[PDB]
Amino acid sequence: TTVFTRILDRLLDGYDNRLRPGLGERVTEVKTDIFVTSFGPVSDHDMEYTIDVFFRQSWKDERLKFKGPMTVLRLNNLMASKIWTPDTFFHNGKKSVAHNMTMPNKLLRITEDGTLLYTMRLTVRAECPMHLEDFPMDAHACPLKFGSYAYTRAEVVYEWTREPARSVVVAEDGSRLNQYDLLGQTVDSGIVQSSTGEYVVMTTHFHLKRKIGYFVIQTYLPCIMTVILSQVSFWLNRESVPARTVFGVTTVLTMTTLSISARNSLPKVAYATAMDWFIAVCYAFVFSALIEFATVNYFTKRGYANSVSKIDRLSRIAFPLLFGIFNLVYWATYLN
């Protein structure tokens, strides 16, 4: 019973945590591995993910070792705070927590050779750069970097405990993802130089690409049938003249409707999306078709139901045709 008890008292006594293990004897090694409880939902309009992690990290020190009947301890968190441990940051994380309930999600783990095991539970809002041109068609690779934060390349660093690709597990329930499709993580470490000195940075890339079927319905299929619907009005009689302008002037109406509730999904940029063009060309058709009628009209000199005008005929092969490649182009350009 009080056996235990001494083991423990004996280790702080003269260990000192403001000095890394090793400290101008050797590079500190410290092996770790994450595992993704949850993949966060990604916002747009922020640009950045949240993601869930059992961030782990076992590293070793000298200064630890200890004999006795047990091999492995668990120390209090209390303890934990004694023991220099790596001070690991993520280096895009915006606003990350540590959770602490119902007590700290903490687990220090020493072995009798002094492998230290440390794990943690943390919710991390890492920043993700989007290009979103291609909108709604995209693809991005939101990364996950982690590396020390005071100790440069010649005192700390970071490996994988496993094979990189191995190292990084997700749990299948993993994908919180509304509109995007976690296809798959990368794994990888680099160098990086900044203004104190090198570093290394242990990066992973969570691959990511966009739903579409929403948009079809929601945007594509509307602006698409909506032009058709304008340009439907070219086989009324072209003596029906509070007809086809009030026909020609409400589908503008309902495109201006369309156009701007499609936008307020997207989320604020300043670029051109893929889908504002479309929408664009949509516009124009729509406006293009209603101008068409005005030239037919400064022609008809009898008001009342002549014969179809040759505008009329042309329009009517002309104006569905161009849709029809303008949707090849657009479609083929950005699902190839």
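Residue numbers count along the first chain shown, from 1. We call the rigid core the largest set of C-alpha positions that still match within 1.5 Å between the two forms. What changes on going to the form deposited in another entry:
- Rigid core superposed between the two forms, residues 237, 178, 186, 193 considered: the one with a C-alpha shift of 2 Å or more is 237.
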Second form
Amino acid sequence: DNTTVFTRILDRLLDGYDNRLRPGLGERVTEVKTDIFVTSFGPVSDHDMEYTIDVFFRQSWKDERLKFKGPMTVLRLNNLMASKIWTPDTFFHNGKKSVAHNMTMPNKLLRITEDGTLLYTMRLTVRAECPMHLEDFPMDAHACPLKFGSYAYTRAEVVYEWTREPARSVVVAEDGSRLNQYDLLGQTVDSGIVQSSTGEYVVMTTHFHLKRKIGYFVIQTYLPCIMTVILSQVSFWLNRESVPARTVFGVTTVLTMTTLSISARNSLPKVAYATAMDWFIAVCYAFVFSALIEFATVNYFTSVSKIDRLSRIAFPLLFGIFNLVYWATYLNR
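Could the form deposited in another entry be given as well, to go with the form deposited in one PDB entry?
Since only the chain itself is given, any partners or molecules it might have are not part of what comes next.
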């Protein structure tokens, strides 16, 4: 009979409650105070322009119909009470397929303060859409957005706000750093109004600033392309009469240049414009023909040649000048 007190409270609150109507429908606006706790920022799939994020999407509003007077003040209730009351229909504007986890029970909680304040947090994974400008790849940065707001309620029906200060309203957990390629720098939030045919809606935008780490692409693309150019430029140190020997340097370096040219764009999307890695490849693709037509010049004119005695110095020089000016203009942007 000790739990019959709390049973009579909850059956009284739901008695006459209409869950199809927002609180304060004819009097005021339903202020929904929200904040996000990011448990783990998941991997960013640069091929499909998207990022996975696992959040603790907390929301809080005020309902004056769910006021109670009892032996406690906060009602840490079960999950199925939340479907029997009004909840905001917050959806993500740039989501693509977000899952609400259900193992083992549905991962939601609902707390009802005695004055009518509610808390209602959800555990979600959100596969959002992050439009990126892969021009400076792989030395590029991206502010992947996450925009959420009400769906059926206009800015004269449900306005959103942050619970704490906007600096302290999106918190990223320290252990959750599931990015392997990028690097999370910080987060910034904002609020604004969007325009639609149905009306004006309050949107809530946050931006996650990411910087790509280039340590993968150095040891996969940049170093083997540099070693290919040096492998092409050692052909000037041989003799003129070794015609089958120097054409092996000529053919296989430009054939391993064009395989790396193909295989460096497989992870990229089908981008129409040219990235900064494509500029490094195509210039390095130009030195290996410049070594190849140098050999075709000296084979046509076949003592040591003045062409090989000049290309032994100029070819490592102009490759060094390009390498000095390419890294300076892109690592210091």
